[PDB]
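So this first bit is one chain, no partners, the form deposited without the named molecule, shown in structure tokens.
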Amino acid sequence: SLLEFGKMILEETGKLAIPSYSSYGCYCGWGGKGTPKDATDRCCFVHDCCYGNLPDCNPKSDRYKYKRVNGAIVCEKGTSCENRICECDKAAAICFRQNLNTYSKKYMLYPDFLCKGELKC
């Protein structure tokens, strides 16, 4: 659920999910059209493709449990869903960190309008 995801993001990046990621570029915060603006934006994209491959699950709402082992995110075992969701979230979060040095305020609150067309995931 967004609760775990949003928390994941602050642990990895140091930024609050809200302002910093709720409306970044074309895919951050949700949306789904356009050509990803940058690296951070490419991760929201990939994260969206990840959620899209869990038809049997409720990604944005099911609570899953995860722990940090020696500074690394580890998805605890739960249902098939809670596990796959958690991995999607971990991948996005970690990515976010990896590209912090390219994070551009220039893309926060980006006009969803400017994004046109649907990329084949």
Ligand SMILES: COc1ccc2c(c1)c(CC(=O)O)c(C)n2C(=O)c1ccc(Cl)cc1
The other form holds:
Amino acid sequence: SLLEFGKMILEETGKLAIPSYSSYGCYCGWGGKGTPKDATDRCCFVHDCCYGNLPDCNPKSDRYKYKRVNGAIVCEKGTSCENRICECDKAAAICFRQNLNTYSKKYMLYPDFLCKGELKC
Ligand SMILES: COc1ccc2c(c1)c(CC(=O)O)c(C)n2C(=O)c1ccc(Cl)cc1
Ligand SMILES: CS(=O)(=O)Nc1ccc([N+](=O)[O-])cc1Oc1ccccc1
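Taking the form deposited without the named molecule as the starting point, write out the structure of the form solved in complex with the named molecule.
Expanding to the full complex; the earlier chain stays at the top.
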């Protein structure tokens, strides 16, 4: 569920998923199309890409459980949809953490028309 992801995001970056990440660039939050504007945007692209490999799971509403082993995010055994979802979120969390230094606010609330071009996952 978005609950676990959002929390994972906040612990990791200290920023709130909504709104620091729900509308960022071309891929954070909406998905659809375009060329990721930047590293964080790529994190969302590869994320939207991750959920794409689980066609029969429900990322937004299926709740999984994780723990921190000293700072590490550790997904706990759950259904397999739950496990594979959790891994996809950990990546994003990490990825965001790895590029906070270039998170730019000129991408917050980015208008859709500026998002065009192709990208295949
Ligand atoms: C390309 O990226 C995707 C693909 C599928 C997705 C999502 C994002 C999100 C999250 C979102 O992008 O809001 C949800 C909840 N998806 C599904 O549950 C889903 C369920 C049935 C089918 Cl047939 C296809 C997808
Ligand atoms: C997945 S969505 O429909 O594209 N919108 C949405 C996007 C991201 C997040 N979130 O917490 O990262 C939360 C989101 O939706 C919420 C809005 C209000 C309260 C809880 C979740």
